[PDB]
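Spelled out from the first residue to the last, the chains are:
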Amino acid sequence: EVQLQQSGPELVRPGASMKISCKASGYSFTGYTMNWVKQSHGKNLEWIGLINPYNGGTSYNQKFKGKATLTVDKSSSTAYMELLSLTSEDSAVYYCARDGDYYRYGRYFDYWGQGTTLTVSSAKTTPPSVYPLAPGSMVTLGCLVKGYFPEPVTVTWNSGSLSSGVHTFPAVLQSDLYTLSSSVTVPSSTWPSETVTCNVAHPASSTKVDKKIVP
Amino acid sequence: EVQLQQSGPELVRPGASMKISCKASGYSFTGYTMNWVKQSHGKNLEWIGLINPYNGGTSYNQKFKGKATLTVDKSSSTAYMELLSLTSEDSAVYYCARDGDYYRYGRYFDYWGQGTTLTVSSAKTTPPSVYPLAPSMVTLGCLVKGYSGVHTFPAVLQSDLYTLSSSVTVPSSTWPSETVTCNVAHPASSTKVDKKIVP
Amino acid sequence: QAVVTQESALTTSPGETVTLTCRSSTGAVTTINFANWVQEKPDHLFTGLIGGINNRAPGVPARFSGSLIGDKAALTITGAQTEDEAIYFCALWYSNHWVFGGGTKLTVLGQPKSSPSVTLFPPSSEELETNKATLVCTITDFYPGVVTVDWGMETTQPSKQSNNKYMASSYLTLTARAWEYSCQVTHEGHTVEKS
Amino acid sequence: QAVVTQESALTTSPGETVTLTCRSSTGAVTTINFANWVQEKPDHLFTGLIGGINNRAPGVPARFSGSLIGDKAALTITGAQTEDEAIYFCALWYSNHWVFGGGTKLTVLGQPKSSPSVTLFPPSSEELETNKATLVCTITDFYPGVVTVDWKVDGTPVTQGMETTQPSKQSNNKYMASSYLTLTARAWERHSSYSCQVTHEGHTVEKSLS
Amino acid sequence: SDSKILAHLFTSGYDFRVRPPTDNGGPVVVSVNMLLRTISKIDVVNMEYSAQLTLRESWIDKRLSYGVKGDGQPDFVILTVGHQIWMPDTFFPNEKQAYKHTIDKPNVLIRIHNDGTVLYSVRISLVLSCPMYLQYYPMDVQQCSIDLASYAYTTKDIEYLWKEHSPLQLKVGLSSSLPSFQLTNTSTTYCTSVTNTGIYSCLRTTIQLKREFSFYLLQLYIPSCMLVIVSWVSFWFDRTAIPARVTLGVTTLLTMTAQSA
Amino acid sequence: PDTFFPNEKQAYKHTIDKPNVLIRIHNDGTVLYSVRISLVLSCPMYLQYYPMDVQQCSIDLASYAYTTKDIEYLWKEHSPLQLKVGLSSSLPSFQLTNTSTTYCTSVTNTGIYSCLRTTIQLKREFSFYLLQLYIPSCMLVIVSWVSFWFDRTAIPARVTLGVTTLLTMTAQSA
Amino acid sequence: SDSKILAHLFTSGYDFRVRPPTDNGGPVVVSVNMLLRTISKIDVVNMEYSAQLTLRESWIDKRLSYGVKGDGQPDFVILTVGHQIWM
Ligand SMILES: CC[C@H](C)[C@H]1O[C@]2(CC[C@@H]1C)C[C@@H]1C[C@@H](C/C=C(\C)[C@@H](O[C@H]3C[C@H](OC)[C@@H](O[C@H]4C[C@H](OC)[C@@H](O)[C@H](C)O4)[C@H](C)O3)[C@@H](C)/C=C/C=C3\CO[C@@H]4[C@H](O)C(C)=C[C@@H](C(=O)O1)[C@]34O)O2
Ligand SMILES: CC[C@H](C)[C@H]1O[C@]2(CC[C@@H]1C)C[C@@H]1C[C@@H](C/C=C(\C)[C@@H](O[C@H]3C[C@H](OC)[C@@H](O[C@H]4C[C@H](OC)[C@@H](O)[C@H](C)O4)[C@H](C)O3)[C@@H](C)/C=C/C=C3\CO[C@@H]4[C@H](O)C(C)=C[C@@H](C(=O)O1)[C@]34O)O2
Ligand SMILES: C=C(C)[C@@H]1[C@H]2OC(=O)[C@@H]1[C@]1(O)C[C@H]3O[C@]34C(=O)O[C@H]2[C@]14C
Ligand SMILES: *[C@@H]1O[C@H](CO)[C@@H](O)[C@H](O)[C@H]1NC(C)=O
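Protein chains in written order, with the deposited numbering: chain J, 1 to 137, 144 to 221; chain I, 1 to 135, 143 to 154, 170 to 221; chain O, 1 to 151, 161 to 189, 194 to 208; chain M, 1 to 210; chain E, 1 to 261; chain D, 88 to 261; chain A, 1 to 87.
Calculated from the structure, these hints are not laboratory results.
It cannot be assumed that every hint is accurate.
List time: in silico DSS-like cross-link candidates among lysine-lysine, alpha-carbon distance up to 25 Å [what the hints assert, rightly or not]:
hint	chain 1	residue 1	chain 2	residue 2
1	I	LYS74	I	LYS43
2	E	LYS69	I	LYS63
3	I	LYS124	I	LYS63
4	O	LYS41	O	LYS132
5	E	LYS69	D	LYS163
6	M	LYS152	M	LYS132
7	D	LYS210	E	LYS105
8	A	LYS69	J	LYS65
9	E	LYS156	A	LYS4
10	D	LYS96	E	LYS100
11	D	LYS100	E	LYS100
12	E	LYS100	D	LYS210
13	E	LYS171	D	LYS156
14	J	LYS43	M	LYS169
15	E	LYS62	E	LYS4
16	E	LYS163	I	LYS74
17	A	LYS69	J	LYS67
On the chain O side, residues computed to face chain I include the following (Cβ under 8 Å) [claimed, not checked]:
hint	residue
18	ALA57
19	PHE64
20	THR140
21	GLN166
Don't be surprised by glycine CBs; every beta carbon is placed ideally from N, CA and C.
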């Protein structure tokens, strides 16, 4: 069986430049050319470029001309990718996908890597600020964990008292700072006659904050 | 012995398109190129086009450019001919004739097929319109229209329908002294009519 | 455009030598016309005789032979046979396609000749009522099977009878108002006419 | 420049035959586009299916098949399976580079459909104090897990300032999603009409605010 | 007519150096047909073979369209001498030697269809390198290929595709001019590759040659059996007359060597 | 006429001093074109009767670009093919017994092209094979017989003959 | 575009016979890459061998610069027939 194992996740500040790897095994490494794909949260899949291990030859997407630099180390069967002048826009998951044909370009994808998650942010460990979400003047309430870093943050309701109807949504990366929100559904008439406190914890900064919902 | 057996007769409505075949046997099929000839009642023999089995290559008569499409199936040793946008003018007998030379064009005809009769018509069943005709021995005539001495002549094609007459010579002493009549039946229309020949 | 011309019909006895000719309208028949000769027996039986440069179909009898007599293609049957009675089409090659002739109906004599019995019928009153008048000029008992009707006309193809004398019918179509006439048949010599 | 277009999402039952399509904006998808099809299982598992001229990746099931139906590339799964439920990206080759589509979320049905529960939250007073105003729109309990969030301030639809999270799976096999429209405190008082309309599998649900 | 149609095309501003335009800016698609005439001199020592073929290329050049719909004009016009036309600068990557035939007039044909479609036909004699594998030498099969690709134009400018129907054809008198082998199978494939100068489109036709056995049966196997069998007829000579035995065994052995050499 | 030789593998025009061509333009517009050409043609041979075989080699001639509507070839009416007197004398190994002049027009995918074909018939000279193959082999087989006249006791002599003639037989064949 | 870029380079006074200019008057530096395709016929009697290779030369000719910084124009232009260049 063939395998493409990529380097681990990386956190780097803007302006810097890091290099992710893709170690191939289970096939004659120098026979299949490698593609690099960028999956960002903001856009679709983008094709960065490709490199022929045997040849050293490269061809980049005009978009990434100067942003990425594909290289290859024949001895260790590893394909590398440099990323220069890293910025907020470079925060994405970078995959490496093999081409299908043996010692020739077939223009079709075989196997991909598990992907490498690159996070680019000039942020320091920053405790979140919890703002309550009440319904405009079965009712739904929510918390807004806004402007924290890095992940993760956990959210409960009444210290676990209510679990049914609890949904903690994914976070979004805005302004170098993450931000999510968690909702909890209860029968309209019970609120606000019952304490509805949400429990937010940011272990990365030892932060623990309670903020009960109120109209 | 070589043989070219073509598909059976076909009846199709105008606007449609059908395809007749020509199965070759008794010779290396892929070695001799095939011609297609159209024999219509209105005109002479016309050369449609030709195809080289081995090559796939074709050359059409400018006249049939777009009307006919010659193809060939090597596996079954069969030559086909498509006819598009069929009309009244396409009603004819289509023959397929082999070229004479072995793996080269000799420009001379070998064997032909028995022919395929294609009828392109858009008229439904119609009862025969019988009209009597009349001027030793007197000859009387009977005319069917738009459908001793018993002479029934071939049937023409007048205005998308058929029309034939019927001569019949008899001693003059049996007319009009005796009733001369002619029976005109038509199985497809289920109509039989009689017309009395009067002087 | 270019048209090929042949004798309407020819007659010959068993053993004699007959010659069919094929004329080009654009000029003299040259070798790059690759004059072809095809035979059509009754019941739609076609077979090639001569063609190409100077080659012949497989099995074509020795009596058949091609040439360029004068400025047209010729097909000469030396020692005509009974079975040689058929319709002969010649085809010329003009640049990139074939053009056929009208064909020649060669008759190898078997029965004494016979003059065509003609009879001209007028349009009945049932037709004049339909507003469409039709004439009929039946031709019975004649040999060989080659007649030429001469009066909107449409004559049928010669077809043998029970006594082996081909027969045919002619149809001159008109309108009732036009109606408000004579048919002449020329057969291998004299001309039988009726009004 | 050149854009590739795919169905937002499709639904099918185990055993049936579904067809995904890939459209080119420059014209008809020809053979020199080398239409590729990629599958993404949950947890970021990508694998190739079809591509190139008419070749396929190693191990790609026989039920998968490519074609050029009409004037766009097609990917036909004949006899859909449970595991076939994933996100399918198609990629076209334009001269010298690849361009991917938006992807199609194929769902192999395992439970009854469920329309989304939409909620719209006005900016907290505690947050307005910092001159910032965040509209939060929550969407829960929907299936199949594909929606389309759209904001509109004072009748007019918004293009920027909006962020919508990807359909996350719930403990009950249904999906959820959140969307934030960002404004300034001085700009949140400047208006009085806000809309967060969520489209799901045809039809639409809207939650306004004033 | 034809001379006038040509004059109309080149009287305007036409540059044979400029690649034909495309609707979406895509590459020029060149369909390729290939007709093998003769496959000869299959050298096993230098591992190469000679072959004469007819290359047939077809692409679209809207600039050259004259009749467009036509239907009033000639379908196509034969391109006469003195009129330059952009052409795919195709070459044969594995060609070691190549000759165009120019006897009397050069053996080329260029047609410009009314819609701008161009047909290019040319006779070419090649000497191609064909790495052979003699593991089963006497009874082996080799696979020889002809590669075809653009030299200067990359994948954004020119793309090769094998004709949809019968991309590779053989002349009838090919196997008869190839006595030593039997052309059993052919294939038509792509060999596009990514180099240091870019990604170049490439076609590859492949013939499969099966070595004829009749020769080796008669010139190697049969005579060796006949030689080994002779060495046995000495087992029937009395053990006292050893000179006879040695003469047989030794002669057959020496001859065995020679034959192998 | 852009004529070429379909079965030519190699061709050279002679250009020594001045190119060896002649073009005449008759008053009526008739053109005569003459040119010396050296060819190397492919000629599939059949060695079923190798020692005493006859091969037929051909020179094909046709237009390359012009189809049947533009150009048509025909062999001259009188003596289309001629041989120089010193042809058979420069051809020692064979005997040019018969020649023929034919047409090979064919229908291809690009159209129908007119084509001529001249054919010479080569009969392999036998004198060589009589002296270098048959005679010496009979002489070799006959030698193997002179061992039937040696006493059955002197088998070394017999073997030496039979074996030597056999080996030599092999060599000759090789 | 490309045809225009080429036209702009050779419409001025350009001499393919003249060596490309240098900043310090130094020599023209030609970088060489070489790709061996096949090495065959290794004759030991005549002590020689055949080999087919791809020669790749690269030098700088400021006279031919059209885009300079470019970043608005195509990175490079394929030189078409009929345009002479010092080599
Ligand atoms: C028979 C082998 C033993 C060892 C005998 O060898 C000898 C004498 C001692 C043994 C008894 C000597 C040997 C000839 C044979 C006798 C053979 C023949 C008279 C002919 O062939 C036979 C057999 C042959 O089928 C083996 C058969 O063809 C069939 C079957 C084949 O498939 C199995 C198939 O392909 C074919 C199409 O149809 C054939 C009809 O008939 C004759 C054709 C043989 C000629 C042999 C040779 C000619 O020049 C060769 C070479 O230059 C050399 C130096 C030695 C010769 C030799 O080797 O001489 C040689 O190789 O006897
Ligand atoms: C005679 C054969 C038996 C086996 C004899 O062989 C040997 C000795 C043992 C046997 C008795 C050995 C043999 C020579 C012959 C003797 C032959 C000659 C002195 C000459 O030829 C004779 C006969 C010849 O007609 C067969 C005749 O020409 C006539 C008739 C021909 O038509 C039937 C016709 O074509 C011709 C035009 O006019 C001629 C005038 O005169 C001499 C010409 C022979 C030379 C032979 C050879 C020269 O190099 C050959 C080869 O490189 C080799 C290795 C062996 C030689 C050989 O084979 O040597 C060889 O083939 O005797
Ligand atoms: C038996 C003997 C001694 C003979 C003698 O002469 C022969 O031909 C016989 C032979 O066996 C065969 C050949 O090997 C030998 C040789 O050349 O001289 C000798 C050898 C040994
Ligand atoms: C030719 O035919 C054989 C039949 O087994 C096949 O294996 C081979 O792949 C085919 N293609 C080529 C390269 O000739």
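Taking the hints in turn, this is what the structure says about them:
1. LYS74(I) x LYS43(I): violated (33 Å)
2. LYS69(E) x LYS63(I): It holds: about 18 Å lies between the C-alpha atoms, which stays within 25 Å.
3. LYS124(I) x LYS63(I): violated (30 Å)
4. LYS41(O) x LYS132(O): It is violated: about 38 Å lies between the C-alpha atoms, which goes past 25 Å.
5. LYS69(E) x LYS163(D): violated (43 Å)
6. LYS152(M) x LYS132(M): The given pair, whose Cα atoms are some 19 Å apart, holds under the 25 Å limit.
7. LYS210(D) x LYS105(E): Roughly 34 Å between the alpha carbons, so the hint for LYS210(D) and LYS105(E) is violated.
8. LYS69(A) x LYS65(J): Given pair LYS69(A), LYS65(J) holds - Cα atoms ~14 Å apart, limit 25 Å.
9. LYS156(E) x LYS4(A): holds (19 Å)
10. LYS96(D) x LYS100(E): Measuring from Cα to Cα gives roughly 10 Å; hence the hint holds.
11. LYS100(D) x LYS100(E): holds (14 Å)
12. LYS100(E) x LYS210(D): violated (34 Å)
13. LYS171(E) x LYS156(D): holds (24 Å)
14. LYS43(J) x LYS169(M): holds (21 Å)
15. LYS62(E) x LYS4(E): Status holds; Cα separation ~18 Å.
16. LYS163(E) x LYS74(I): At roughly 19 Å apart (the allowed maximum being 25 Å), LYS74(I) and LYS163(E) satisfy the hint.
17. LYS69(A) x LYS67(J): holds (17 Å)
18. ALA57: holds (5 Å)
19. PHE64: Not OK, violated: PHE64(O) not within 8 Å of chain I, min 13 Å.
20. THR140: holds (5 Å)
21. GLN166: holds (6 Å)
Against the hints set out earlier in the document, violations occur for numbers 1, 3, 4, 5, 7, 12 and 19.
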